[PDB]
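Heads up, the chain below is alone and in the form deposited in one PDB entry; it's given as structure tokens.
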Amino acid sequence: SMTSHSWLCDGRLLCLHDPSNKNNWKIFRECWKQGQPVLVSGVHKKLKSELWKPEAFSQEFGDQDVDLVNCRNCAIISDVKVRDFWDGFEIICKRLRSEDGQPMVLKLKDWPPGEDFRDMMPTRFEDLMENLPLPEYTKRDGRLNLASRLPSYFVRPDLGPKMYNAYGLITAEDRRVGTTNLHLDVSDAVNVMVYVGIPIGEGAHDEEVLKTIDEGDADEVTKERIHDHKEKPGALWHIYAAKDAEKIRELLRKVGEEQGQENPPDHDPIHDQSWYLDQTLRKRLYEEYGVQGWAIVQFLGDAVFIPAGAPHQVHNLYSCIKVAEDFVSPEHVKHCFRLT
């Protein structure tokens, strides 16, 4: 039976089922005021699927110059064509190879660049912005988005949206690597999974994905969306409450010191964007500092809401196209204030 919502993370995470339901705000706002993330499923059913394919991005924009990141070692591949990324998105025999002769796991950096999404891709911009869930919060001029209404005493977000494109992590060694390392944002964000590419060539890569979700601490209900509904899983997130950010800095300064880093006692390991919390570090955070997070699997068409100030990291299971919009809710405006 169709239902308005359900719970993940053993009741700690709201999952809304109908992205365009005019009554969603009634269920959302209680959870949001407490500093919790929220998941909304089904956004892919609202979109024009032909606008969000890797082959279309390659055909239309393939001659642009871009930099890539090697996710395994953080090395930068400078000044290549954007088709060199897109044509290896699903077909492994077309990926750029490292020295060892293996195909690389690549992230496309800052594309489209800065604030240029709307000018470069007007039809994509319209399709996304007209179908975002919780539109009073998430649209540029929504009644509950303060972004356009605040003075310079507040850090204001850039004009969006921002696209996040990267291959899936593959091997057992890759389990400990991030697609996007642990960081925080002073604005709220909504992050939509618009495409998941499950490859061919080294296709049959199903079993390392299940060990990653299990060791990642995913709940039993999330393990059912795979085995029962056959939905496409994109990315594993870990999100932490804004109130736990300083305890996470204390753990990472202790671990940086153990690993022979020489950092001043006040340096900020979250702002540095240099860490990925693997199974070992997530257990140490819980046991030694008393901090629990939310482990979230983002499937095709899932919208993740990330509260301002909340530390979070992202690990792609398969090749992903994500599109994210920043906003400033009244519930979390304290996090972008420039005084006290």
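Residue numbers count along the first chain shown, from 1. Between two forms, the rigid core is defined as the largest C-alpha subset superposing within 1.5 Å. What changes on going to the form deposited in another entry:
The residue among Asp214, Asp158, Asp141, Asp100 whose Cα moves by 2 angstroms or more between the two forms, once the core is superposed, is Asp214.
Superposition on the rigid core between the two forms places the CA atom of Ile200 2 Å or more away from its counterpart.
Would you mind giving the form deposited in another entry, to go alongside the form deposited in one PDB entry above?
Nothing else is written out below except the one chain.
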């Protein structure tokens, strides 16, 4: 039967079921005030599916010049056509290959560039902004979004949204690599999974996705949702409370020193965006510093709400198109203030 909501992460994560329910705020606001992330399912059912396909991006924008990132080694592939990314999104026999002859795992960097999403793709901009959940928080002019109402004493977010496009990680060795490394933002954000590409035939890797979820830190209800099939899993997130950010910095300074890095005692390994917490490092964080996080699998149409100041990282299980909007809720405005 239909219900308003359910819990994941052993009761520590709110999951809202109806993205356009006018009463969502009554359930959301207490979890949000406590500094928790929140998940909202079903946003894909609200969107125009034909606007969010890889083949349409390639057809409309394919002659644009872009840079890619090789996720496995952070090498930059400079000044190639955006069709070279999109045509290999799902069809592995069309993907760029490294020197070893293997298909690469690529991220499309800064596309659309800077604040250009609305100008480059006005129909996509409308379809997304009209269907975002918790619209009093997330719309540019929502009553609980302070972004347009704050003086220069506050760091203000860029004009959005921003698109995040990358292939899925494939191999056992790939399990320890991030799509987006551990970092934090001084604004709140909502991140929507608008498309998941699961390759079939020549380069299918469904076995190692299932091994990754079964051997990892996800909850039993999350593990249930994977094994049911039915919905397409996109990306594995780890999110940490803003209050735990300095303990995470302490662990990463200690690990950097063990690995013979030479860093000043005050350097900020979260701001550097150079680390992915693999299973070893997540267990050490819990055992040695007493810090627990939230392990979240973002399926097609799931919106992840990330609180300002919360360290987070992302690992794509399959090829993903994500679209994210920054906002400034009153609950977390302290994180962007420029004094004390």
